[PDB]
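Residue-level listing of the chains:
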Amino acid sequence: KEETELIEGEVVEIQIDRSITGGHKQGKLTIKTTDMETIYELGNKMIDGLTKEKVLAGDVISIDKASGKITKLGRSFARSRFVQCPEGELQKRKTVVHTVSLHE
Amino acid sequence: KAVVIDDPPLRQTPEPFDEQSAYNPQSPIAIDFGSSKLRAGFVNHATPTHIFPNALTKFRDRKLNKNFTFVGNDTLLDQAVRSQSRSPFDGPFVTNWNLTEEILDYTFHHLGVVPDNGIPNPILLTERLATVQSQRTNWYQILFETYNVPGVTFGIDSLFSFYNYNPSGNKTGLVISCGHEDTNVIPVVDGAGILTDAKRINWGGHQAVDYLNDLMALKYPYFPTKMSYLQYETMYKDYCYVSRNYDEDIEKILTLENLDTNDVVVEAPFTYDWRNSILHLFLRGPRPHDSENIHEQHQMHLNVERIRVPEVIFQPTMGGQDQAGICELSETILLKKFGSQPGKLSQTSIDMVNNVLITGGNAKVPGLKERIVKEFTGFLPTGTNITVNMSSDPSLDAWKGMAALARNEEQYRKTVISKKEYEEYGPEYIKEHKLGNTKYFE
Amino acid sequence: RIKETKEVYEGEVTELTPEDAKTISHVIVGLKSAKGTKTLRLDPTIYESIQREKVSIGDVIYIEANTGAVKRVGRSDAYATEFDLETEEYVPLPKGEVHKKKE
Amino acid sequence: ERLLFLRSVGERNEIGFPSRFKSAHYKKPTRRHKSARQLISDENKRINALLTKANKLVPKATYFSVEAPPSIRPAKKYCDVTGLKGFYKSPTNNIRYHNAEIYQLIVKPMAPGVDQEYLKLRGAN
Amino acid sequence: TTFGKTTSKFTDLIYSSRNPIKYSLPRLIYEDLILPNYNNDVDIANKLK
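Protein chains in written order, with the deposited numbering: chain U, 130 to 209, 220 to 243; chain R, 12 to 282, 584 to 754; chain T, 132 to 152, 161 to 242; chain S, 28 to 83, 94 to 162; chain Q, 1029 to 1036, 1069 to 1109.
Worth double-checking, as some hints may not be accurate.
[Unchecked claim] Here are the simulated EDC-like pairs of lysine to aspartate or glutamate, each with C-alpha atoms no more than 16 angstroms apart in a straight line:
1. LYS97/S x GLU744/R
2. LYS751/R x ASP152/S
3. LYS55/S x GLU113/R
4. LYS114/S x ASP258/R
[Unchecked claim] A partial selection of chain U residues facing chain Q, derived with a Cβ cut-off under 7 angstroms:
5. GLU131
6. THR180
7. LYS181
8. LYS183
9. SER191
10. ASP193
11. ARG204
Treat the hints as calculated values from the structure; they're not laboratory data. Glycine is no exception: its CB is placed at the ideal position from the N, C-alpha and C atoms.
Throw the hints in and build the complete structure from the sequences for me.
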C-alpha cells in the first residue's frame, strides 16, 4: 500500500509567453474544480510537458508532480470523450493497493 | 477555563529620589536612552536605580488652571493619565526635543543632584547604529549648551553589552540585538565593532504587537470591545514562543490532539460536524461554540499566531519587509566574509562562532536560543564548537556596559568628547573608537 | 565470506565547482545535512557520473565512497517554492550526519 | 482624595522657568517638527549631494548601507486567512488559501476592499 | 497508441506516442532492489563481482 499525491481538475485558461529564441518560457495555468479555483505559476519543464500532449481550455487533466506525467481524462460538459468535472480538493492523496506476484 | 486579561495595574507608590547628600560632582552619569524604557543611575552601583517608561503627560488641571507634568513611573498612577502618555520617539529616531529636555530635567531631579551652571558630571549615552547627523548634532547642541556637560561619549548598546560580558576589550564575538524598533547583527573582531558589515532588520517588539493587533482585528471583525496596546502587549508576553522548526509545527498546529494542550483562550473585559472543520478549529478551538452566549462573544483563541508572531525575525517577508532573516545574515557574515571560503572556516570566523551573544529586550521570547543553535549547527561545518550566551535579563546589559567602561579608567579616555574638542571641531566630528560609530566615508 | 565496508555521503549539494587543467582535473563538492556541512574533493569519473544523473545546486544526492555510485534522491524542500507547479520531487534534508560508516 | 492625590505628585515634581538644572545662557531657537519620514530623505539627498560633489568617495557606514539585503532563498507561501501552508491562490483577488472550506466560506463571499487589508500584512498591495 | 492529440509564428510537433497498456510497479521494489541505499548491498556486490 502506497500513497501518491495527484492534481485533477478542469483547465480554465493557459497563458504561455515565449522569447525570440525560446530559451526561457514563463507561464500561468488557471484550473478549477466544482468547489475551488486556483492559478499556478509554471516552470519550464511543466510548460514543455503542457505543450506536448496539447492541452486546451476546457480539458480535464490529471497531473503527477513527482513524475511529470500528465494524462487527459477527456473534455468536460461544454459541447459548443465527455466526462464530469472533478469535485472536492484539487490536491488529493490517494492510497493505491498493489498486488505483485513473486514471478514478476 | 478562559483567562481574563486587563490593563496592567497602576503603581501605588510614587517613584522616589536618591539623597542629595550622597552626590559628588566628579562621578559620571549613565543614561540608557531606549525607545521603550529609560535606564539611569550613578556609575558606582552595579544595577540601575531609576527605570521608568520613556513617556510624558501634560496634565491640565481645571481648578488650578496649571499645566502639570508627569514623567515615567508617575504616569502609572491613573488610567486617564496613562492613556494620554506621549513618547519622544517617532520610529527609531527622536523627533521632538522639549519633551526629552524636560525628561532629562526630571531624571536629574530624581537622581539627587544639586548642580550649578549646568550639570558638572560627564554623561554616558546610547546612540543607534549609523545615525543621522541631525541626531548627534542636536544631541551635541542640547548637552554642550543647555546642560554645560564637561565631557560626553557615544556608543551602541549591543557593543556595550559585549564589553559588559567581555571586559578585556580585546575579545572576538558576534552580537545579536533584539530591540523595540530594530534588530541588529554586529560582527566584533578584536574588541572593535566592524560596522562596515553590520546589518539591520526593521522589526522589533513594537511591530510584533502591531502584527498581533492586525491579526486579531482581521480574525474577529465583529468583536465588540476595542483593546488597547497594553493588553495585546501582554498577550505577546505570556503566550508567544519561538518554534524549534516552523515547517513541521504548522502542519499539525490545528489538529485536535495538539489543540487540547497548546490552545490559549483569552477573555476581553466587560460589565457537518465541527471536528471536521479546520475553520471552526481555527476560530473557536476544540470546543462547541454557543453563538448566543454573552461570555463566548468576548473570547479570542490564540492557536497559530503564538509561533507566527515571533517568526517574523527569521522570515521578514511575512511582516512585509524584503529583508534577510537573522540566520542568513549570520550565514553570509560567518561564511563569505572575514576571509572565509565557503567550506573552509578561517580563524576569525571560529572565534566569532565560539562567542555568540544574544542581547536586547525582545530576547525574552522562549525558544530563541535553541532555534539559533539548531540553525547555526545546520549551516556550519561538522564539529564546529558553537556557544550561545544569554543573560538572565537581557534588557539591563547596556547599563552594565556603561558601568564596566566607566570603572575601567584606562580606556575610558579614548572615547570622551569634552567641550574643547566640540568647540574646536564643530558638530560635524566623529570620535572613532572601538565601541562606537565611525566615519560616513572612507 | 568477504569482509567489506560501506561508506556513504548523502546530503544537499551547496557547491559544485569544477576546474580544468578541455579536461577537468577535479571537482570540489559541498554537501549539507541537518547536522552540518562537509566538503569533498572528487575525481573526474564521479563528476561524469554526477553529470549523467543531472545534478544541480539544491539536489539531495547519494555518494558511496568505495564504488563511486551516484544516486539523485531529489531536490530539497528549501527550493520547493521557486514555482507554484513543477515536475520535480522535493525530499527533506537528511536528519543524520553526511558521512556514514558501516562494516 | 483620588482627585487630590495627583496634585501631591504635581507639587513635588515641578520645575520653574528659571530652572535649576539648565545653564544661564540659553538663546533657545525655534525648531520644526521634522517627523521620521523627512529625516531619511534629507539624509539621502545630503549623501547624494556629497557624492555628486566628490564625483566632480566610497561610503563606509551609513543608514542606507547598513540595511539588510533581500534574500536569495525562495520565500515560503502561507495562507492569508489562517497562517497555515498555502497551496492555492485565487485568480480574482490574489489571496492565498489552504483548502476549499476556507475558500467557500471566506475567500469567495467577502466584500471588495478586504483584499487590501488581507494583503497589507505581507506588503503585497 | 495513446498520444497527445488535438480536440478541435510556428507550431511544435513533439514525439508523444505511448502504449495503452500500463504496467504498474510499487516504489518499494525499485528502492529496495534496483537503487542502492544504506540498507542494501547492490553496489558492493557489483564491485566485488
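Hint by hint, here is what the structure shows:
For the given pair, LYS97/S sits about 13 angstroms from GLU744/R by alpha-carbon distance, which is consistent with the 16 angstroms threshold. The straight-line distance between the Cα atoms of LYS751/R and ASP152/S is roughly 45 angstroms, outside the 16 angstroms bound, and the hint therefore fails. A distance of roughly 14 angstroms separates the Cα atoms of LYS55/S and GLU113/R; the hinted pair therefore holds under the 16 angstroms criterion. Only pairs whose Cα atoms come within 16 angstroms are accepted, and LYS114/S paired with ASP258/R is accepted, the gap being roughly 11 angstroms.
Checking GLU131/U against chain Q: minimum C-beta separation of about 6 angstroms stays under 7 angstroms; hint holds. Nearest Cβ of chain Q to the Cβ of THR180/U: about 6 angstroms, under the 7 angstroms cut. The hint holds. At a threshold of 7 angstroms, the smallest CB-CB gap from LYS181/U to chain Q is about 4 angstroms, leaving the interface hint in force. The closest approach between the C-beta of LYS183/U and any C-beta of chain Q is roughly 5 angstroms, which is under the 7 angstroms cut-off, so the hint is satisfied.
The beta carbon of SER191/U comes no nearer than 13 angstroms to any beta carbon in chain Q, farther than 7 angstroms, and the hint placing it at the interface is violated. For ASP193/U, the shortest C-beta to C-beta distance to chain Q is roughly 13 angstroms, which exceeds 7 angstroms, and the interface hint is violated. Interface restraint check for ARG204/U: the shortest CB-CB distance to chain Q comes to about 6 angstroms, inside 7 angstroms, so the restraint holds.
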